[PDB]
Amino acid sequence: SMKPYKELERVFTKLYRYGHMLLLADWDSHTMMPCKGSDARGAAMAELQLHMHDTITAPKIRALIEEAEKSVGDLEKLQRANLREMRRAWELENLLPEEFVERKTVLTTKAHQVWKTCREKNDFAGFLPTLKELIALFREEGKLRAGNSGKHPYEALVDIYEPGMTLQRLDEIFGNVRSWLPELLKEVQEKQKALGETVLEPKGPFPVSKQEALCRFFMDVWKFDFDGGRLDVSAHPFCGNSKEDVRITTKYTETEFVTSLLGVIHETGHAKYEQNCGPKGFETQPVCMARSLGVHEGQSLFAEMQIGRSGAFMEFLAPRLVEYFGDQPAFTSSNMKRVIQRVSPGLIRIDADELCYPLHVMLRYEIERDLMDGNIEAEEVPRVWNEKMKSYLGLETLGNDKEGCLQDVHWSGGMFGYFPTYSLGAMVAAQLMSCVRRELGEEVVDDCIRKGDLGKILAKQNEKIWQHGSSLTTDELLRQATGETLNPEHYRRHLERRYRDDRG
Amino acid sequence: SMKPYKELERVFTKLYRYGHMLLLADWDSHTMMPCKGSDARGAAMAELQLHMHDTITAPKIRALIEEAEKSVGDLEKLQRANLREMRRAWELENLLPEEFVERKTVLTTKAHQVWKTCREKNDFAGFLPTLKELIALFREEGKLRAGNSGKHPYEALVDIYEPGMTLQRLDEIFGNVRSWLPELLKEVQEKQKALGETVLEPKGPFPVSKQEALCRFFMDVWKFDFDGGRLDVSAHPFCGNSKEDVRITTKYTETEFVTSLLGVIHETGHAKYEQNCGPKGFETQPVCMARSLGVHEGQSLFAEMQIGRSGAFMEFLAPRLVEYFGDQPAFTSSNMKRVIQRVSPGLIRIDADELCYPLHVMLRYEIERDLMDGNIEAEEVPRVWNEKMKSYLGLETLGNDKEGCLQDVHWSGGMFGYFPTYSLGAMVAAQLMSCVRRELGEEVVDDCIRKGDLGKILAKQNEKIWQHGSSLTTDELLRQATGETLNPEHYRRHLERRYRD
Ligand SMILES: [Co+2]
Ligand SMILES: [Co+2]
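Heads up: the sequence lines are chains B and A, in that order. All residue numbers for the first sequence refer to the deposited numbering, where the first residue is 0 and numbers rise by one. All residue numbers for the second sequence refer to the deposited numbering, where the first residue is 0 and numbers rise by one.
The hints are simulated quantities; they were obtained by calculation from the structure and are not laboratory data. Heads up, a few of these hints could be off.
[Stated by the list, open to error] Restraint-style ranges between C-beta atoms, simulated for each label pair: (1) A:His-111 / B:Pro-236: 50 to 60 Å; (2) A:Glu-97 / B:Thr-56: 23 to 33 Å; (3) B:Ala-62 / A:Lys-35: 31 to 41 Å; (4) A:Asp-219 / B:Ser-28: 21 to 31 Å; (5) B:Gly-440 / A:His-111: 29 to 39 Å; (6) B:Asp-446 / A:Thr-252: 14 to 24 Å; (7) B:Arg-319 / A:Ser-28: 48 to 58 Å.
Here a beta-carbon is modelled for each residue, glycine too, at the ideal position from N, C-alpha and C.
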């Protein structure tokens, strides 16, 4: 009935309110909180997390969900989707026994300090005992989340971040990438080395106040609502807080402006999704949420990569760089394109350019999959990390675990099945932009970008993606939006056109 | 056994964790939140406030307190005090029916809107409907909070902010103030007028970045722990957030810097108490809270009035003004003292000098007491306000309710019985500083202030007040600290030395 469904709605509004507090508390801990407030803040967040957990895991919720589900056809369409999303949120908290949960929590908090130091010291052997336990915990986690579905443990884990994504499809997507991208990289490198184009590096200092002003200017170009969000400073840029009050951060160095500019553009792309997330009338409910991390990172990367690193945008950007920092030879649209699209393989994933980046992701996918499968053991990670690094990026890591397998925090913090979503995001972004250019026209999109007039583009994003939140399945959403399910051929054609053909 | 007590401790830690979130949300509301965030933020705070209420008022809590209390002798000194403070918190929440609390939140949220416009528009008539309801509400609230005590309803309201304070003691105190303050003010005005001393008002602009730097510098003089707190800007200066993370705010104008400086020093005096509140080991418990609004305001006024408006402090301050803003004729010791210590009765209590301030408080006390007692009704407040302002301050407010009875937010915000604590704080500050001067020596105290070297003074405040929180009754606390219960004669002699002599 409506009765139990509406009772669920009420419970989920309660949870949304408590989540508001947690999100604020988390935002503040990274931006405003002084160091001695840390224990108080963590104690407070833990207690509130506990209450949210007891609320969603009370016996009555399951009984409520079950009564609501027998009378499904008496609900409006969007209420039916909301009931689906409610079960999903309930299963995500309920399928892990509390004994497992506390054990995971203890190990991840342990695993963190052990990782951080070993990383800094290049000591995989000191990490390895922990790492073996993580991998056993993750394998155990997969099975629990798998439930009575018969899903592969890793699939159960990827599902946390990418609802409905199967290992079969993931293996097809990454196998597709593996068939062409390592040779594309090599082709691009040799083309760029044979050309020998002049690239003038921007010369600093770039005053941090002028960087901030430039960033806000670009947030205005993306029509960020500043009456419903903020820009501030943290050690790691992120997009956080709540949908009514979306708060992004960045970090500035005087020596360059690119990382921070492009970083803000990236987070603004996330923000636009959050600020415009529908469906309307479901604001405090789980159907009014981002569909997946791949869909979310598809929005950030649409902003950053599809618009931000384009030749057209350089035409708009260059004269703003003259205006905000003062003129210098580096500040021409042709030269800034060369700076922003420069291809240079390296060892560190977070520093990777648009082309190399998916190779870092692909390799993490394969290892994660293989560990979960039993094909390899923690023991072998360094060896296989090095194999893949030489193979995909032409670089060695043997003996350099610091910048090899120990470089990312993710496994310390109990995040397995997360990494692949980044390249899924890149693929979503390329697919969406292909559609937008098909619909609006190539010259129209280029004119919008080069003139910093994004409204027609942002409107298509809003229509196709943002207004739907989680009311549709990912497959349904992408089909409705772009004509088909997620297809990596768009990302391939984007990368070929931009890097191999220098087309923008 | 000790089981009920230790389970209550666990409950109050939970509540402390919840209050942390509410405190952060409230601070952020006034400092960082963009305007469209407002609805979601109010809905979140209300849901959490409800959960806290239901937690503390559950029948379980009553049963725990009753069980703990029947073996109160099996508890150590600080645990028995903590149990007293637990019962107090529970009674504060548990006494009003939930139907009452709903009505009040409704009425007050609406009252803030109508008050604000009526105030801007000088329209008591428009406000009078709301105000008759507020007064009816407060009389009902007082009776509810009194219960079977036999306390006057207004006493039960005063008790919320000033635990253990009786109306009889309040009447003894304001009666004392009335015995010397009027002849003092009168005398000071005719002294000032006969001298006709030159006062140079500082001339701006004062860049807000420079003001901020000066304000932070004085926070450092008070040894504010910036690893455990912040300064930020808000529409209305306050001291908030939590004890591990004390966040104070100010507002800046280019035309003058004094209000903001002294304001920051005031809030920093509050912050020092919150940053150092004991007892140690009871941090998440109600025993580790400020004793009263009177004692709290005592710490802020010790900072602001006892140190911050003294001649010795002007010796330190004047060279700092030159340093931060650049030299000008006004920036002398002698002249800044005259600016900061200036006496000029006016209509607006926030703007009142150290001498006139208690007169504004006394008139509100008298008016709140008469309203509660049914000696006047809401219709009569403008007339009575004028009469009391004429008698106390020499000033007519008739027809100017904007600068008369509608002046302050307190009544529309549901705060009755609050005003008296301002003067109690002034008295606590003066009594504290007496003991400090007696113990350290006048010369050592003056030396400390004039060199910006406040360590020895702060250490005394910490020892005497901050470290105890609510472990002692207010009478015990002041007796242990100062040798006696609150005595307004210290306040008298403070005002006499500063303004008459
Ligand atoms: Co992102
Ligand atoms: Co105060």
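When you take the CB atoms of B:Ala-62 and A:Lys-35, is the distance between them in 31 to 41 Å? This hint holds: roughly 37 Å between Cβ atoms.
Quick check on a hinted range of 29 to 39 Å for B:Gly-440 and A:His-111, using CB atoms only. violated (54 Å)
Could one say that the CB atoms of B:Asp-446 and A:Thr-252 fall in the range 14 to 24 Å? Check failed, 47 Å falls outside 14 to 24 Å.
Could you say whether the range 48 to 58 Å given as a hint is met by the Cβ separation of B:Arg-319 and A:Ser-28? Since the Cβ atoms of B:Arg-319 and A:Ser-28 sit about 35 Å apart, the hinted range of 48 to 58 Å is violated.
Taking 23 to 33 Å as the stated bounds, is the beta-carbon spacing between A:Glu-97 and B:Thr-56 within them? About 27 Å separates the Cβ atoms of A:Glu-97 and B:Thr-56, which means 23 to 33 Å holds.
Supplied distance hint 21 to 31 Å, evaluated on CB atoms of A:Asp-219 and B:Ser-28: Cβ of A:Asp-219 to Cβ of B:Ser-28: about 25 Å, so the range 21 to 31 Å holds.
Between the beta carbons of A:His-111 and B:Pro-236, is the distance compatible with 50 to 60 Å? With Cβ atoms ~39 Å apart, the hint is violated.
Hint compliance for this structure: hints 1, 5, 6, 7 are broken, all remaining hints hold.
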